[PDB]
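One chain is shown next in structure tokens, namely the form solved without the named molecule.
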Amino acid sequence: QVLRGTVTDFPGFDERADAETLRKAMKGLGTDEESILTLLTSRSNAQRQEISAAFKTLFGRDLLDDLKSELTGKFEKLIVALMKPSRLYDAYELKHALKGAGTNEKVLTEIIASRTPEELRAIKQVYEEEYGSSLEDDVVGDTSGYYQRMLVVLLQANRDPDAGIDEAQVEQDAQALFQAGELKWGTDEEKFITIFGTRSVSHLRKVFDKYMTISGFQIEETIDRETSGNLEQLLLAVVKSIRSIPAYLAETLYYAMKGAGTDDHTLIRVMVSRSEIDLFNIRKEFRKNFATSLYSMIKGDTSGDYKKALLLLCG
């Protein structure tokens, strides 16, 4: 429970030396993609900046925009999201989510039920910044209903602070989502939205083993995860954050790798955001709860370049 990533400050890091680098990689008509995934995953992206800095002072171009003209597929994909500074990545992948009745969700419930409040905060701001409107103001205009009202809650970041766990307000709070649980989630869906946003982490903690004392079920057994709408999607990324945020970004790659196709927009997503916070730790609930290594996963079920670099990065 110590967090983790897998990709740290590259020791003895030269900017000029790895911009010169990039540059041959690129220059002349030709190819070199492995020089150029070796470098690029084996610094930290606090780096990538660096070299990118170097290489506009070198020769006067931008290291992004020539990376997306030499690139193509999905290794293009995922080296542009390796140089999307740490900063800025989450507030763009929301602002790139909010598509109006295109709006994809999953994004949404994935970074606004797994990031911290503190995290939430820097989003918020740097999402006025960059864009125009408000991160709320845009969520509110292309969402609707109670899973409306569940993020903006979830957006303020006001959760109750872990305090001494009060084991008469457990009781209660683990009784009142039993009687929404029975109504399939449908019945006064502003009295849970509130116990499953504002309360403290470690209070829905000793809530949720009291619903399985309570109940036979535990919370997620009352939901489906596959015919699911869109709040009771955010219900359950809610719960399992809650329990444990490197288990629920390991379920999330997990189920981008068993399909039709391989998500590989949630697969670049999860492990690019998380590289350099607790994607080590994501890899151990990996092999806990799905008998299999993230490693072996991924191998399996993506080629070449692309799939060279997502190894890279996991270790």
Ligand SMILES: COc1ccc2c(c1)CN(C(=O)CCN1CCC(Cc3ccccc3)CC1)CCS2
Second form
Protein chains: 2
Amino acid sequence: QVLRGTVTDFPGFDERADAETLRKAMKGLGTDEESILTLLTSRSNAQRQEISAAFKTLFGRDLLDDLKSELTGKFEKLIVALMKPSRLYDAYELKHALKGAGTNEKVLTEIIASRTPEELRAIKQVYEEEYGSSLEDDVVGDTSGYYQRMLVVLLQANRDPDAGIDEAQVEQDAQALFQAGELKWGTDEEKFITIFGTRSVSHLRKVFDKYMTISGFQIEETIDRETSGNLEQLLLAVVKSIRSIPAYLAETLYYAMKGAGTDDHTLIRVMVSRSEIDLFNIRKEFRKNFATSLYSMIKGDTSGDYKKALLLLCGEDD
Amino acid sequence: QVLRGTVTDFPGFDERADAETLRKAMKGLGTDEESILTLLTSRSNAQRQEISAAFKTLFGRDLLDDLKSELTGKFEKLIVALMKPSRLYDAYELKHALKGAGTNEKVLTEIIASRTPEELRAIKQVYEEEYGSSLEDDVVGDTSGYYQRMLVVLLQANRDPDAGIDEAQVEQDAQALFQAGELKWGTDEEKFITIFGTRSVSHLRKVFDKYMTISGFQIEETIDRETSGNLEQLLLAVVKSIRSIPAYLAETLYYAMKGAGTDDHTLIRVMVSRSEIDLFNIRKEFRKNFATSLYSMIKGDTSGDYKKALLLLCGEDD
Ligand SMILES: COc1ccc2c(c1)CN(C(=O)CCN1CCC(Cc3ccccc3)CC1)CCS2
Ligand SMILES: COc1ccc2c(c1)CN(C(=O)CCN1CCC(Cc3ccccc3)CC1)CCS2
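Can you swap the form solved without the named molecule for the form deposited with the named molecule bound?
Whole complex next, starting from this chain.
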């Protein structure tokens, strides 16, 4: 097992040259979207940034506002994501959720549960460095009750690190996840919260196994996906995430594409945020648990230029 | 994988209660092995340094000098490896294979072939500081031929990023490895040094795949494990470590205990060094590739107090 994405460094890259294709593309005419497109998706994020630099030094123009005036719709909204520094992208998306795209647990839940401790720590740091306010306080401020609580637990980045596991605390803990299952996770939130937030990854993987031999069931079985409140969804995100991050995101991506209308906000966040970290893994995983390819899914459930960009990001292999 | 070791931090660590315990353990009273033994292998390494230091504030004795003057043979060499700082254990054993050892090409192969880039980067500089000379320049003076050359390449820590895996590039590598295979690795030479030492890992595992069906058989079968001088052992070891590190090391453990005698020195090096990184993982790949339990072979083949300490290091299970 080796984590990896779909966007690699362009060899032969020249800041100053790409700055010209782009300027020239959006020069006076309407717009060569097809050029903006193929280029920005066949560069990496650090290379995008240096084009952003070449643009200014050459032209006196801000690449980011130029793009943002000739592009619209789901197209714009993707391009704008690709130009965003990847150190920064998640802290950004959190703010949007904490401040103005709506009522926003799908994001808080999904970023917080799926980002490892190295990441939550960095996101927190940078959330405050960029945005002036601190991640934790914005979260407290716009959330509630036991959900708020566990986001706060996850957000500390303070899991017991990995060594030889206590089949004795495994037996207690699996036991207590059983009782809180039977009871619709509506009693002793107090208790399960730490089990899922402060325990380790392969404590919890052990635990989820001993869970099966208490109850005959996977822990996932306790928690339905349409209806549920906030908390249940956080639990089940934690759960799937402990088992496998690529796999959780592959899932999040299928359910972003099922249903009337559909979910471009998600498509975009996952695609872009993972483009240089694990996207290949998510893709091969998607072929694995859902048996049409990520590529194929997208080509059916997207249109026009946005569609094209997507697939280019996606690549093609598995 | 989640890579875990078998040694953890003792909760409620008392730096000097433990220092006392080592005093009356080895004082008067020439020695008392089983509290020495059990203490050191329930405390993590960095805690053993704290016990080493509170020993000096408290008593005016250098803990380590004391630990080794009351103890003999293999057990002694174990305690002396346990109280040797993580950062430093590797570079010390490189050195003691290089400085003065005889002709120890076995230890070089092992450490450089199993260590990741970031572990080699820390070795090189902590090596460089601790013994005034650079790890490379030493490696160079006592070795020669392509064995030297290949080591210098691995010694670089700069091997391609796991990325877009280029189908065309694979096949040319695999045929080049087919080419040099039939010629028993005795010639062509200089291109496989670049295939092994620089290709990206998710790349080199696909070449390992693509090769077999060119050749009939795995790359490994081209090389005769025991009837094979330095280079071919290195090469072999690199191939192995590319598929899985815990599995190289599991093979090296098995070959240290299987047969006539015991390679005790080797057994100490692996058990100790990897005890806080992947020892559980070496234990698990051990049982799956050899059908016995590491624990129960260290038993079958080692003796006395050395044994109980090893089995404590080895950890409780599976
Ligand atoms: C304390 O340990 C922790 C604490 C929390 C978490 C993990 C490890 C990771 N995890 C795992 O399943 C194990 C390891 N896994 C996580 C993703 C990471 C890959 C990755 C790289 C860069 C950016 C994002 C993801 C490494 C492999 C799930 C819960 S989040
Ligand atoms: C260019 O890369 C390299 C170059 C050389 C080598 C490795 C990685 C390690 N390796 C692999 O197959 C990569 C898998 N690997 C396991 C070790 C390490 C585990 C790990 C994870 C997180 C933090 C510390 C250690 C990194 C992932 C075997 C050959 S030596």
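Numbering follows the first chain given and starts at 1. By rigid core we mean the largest C-alpha set that fits within 1.5 Å across both forms.
Enquirer: Which is the one residue in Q233, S241, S215, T103 whose C-alpha moves 2 Å or more between the two forms, relative to the superposed rigid core?
Expert: Once the cores are aligned, the residue moving by 2 Å or more is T103.
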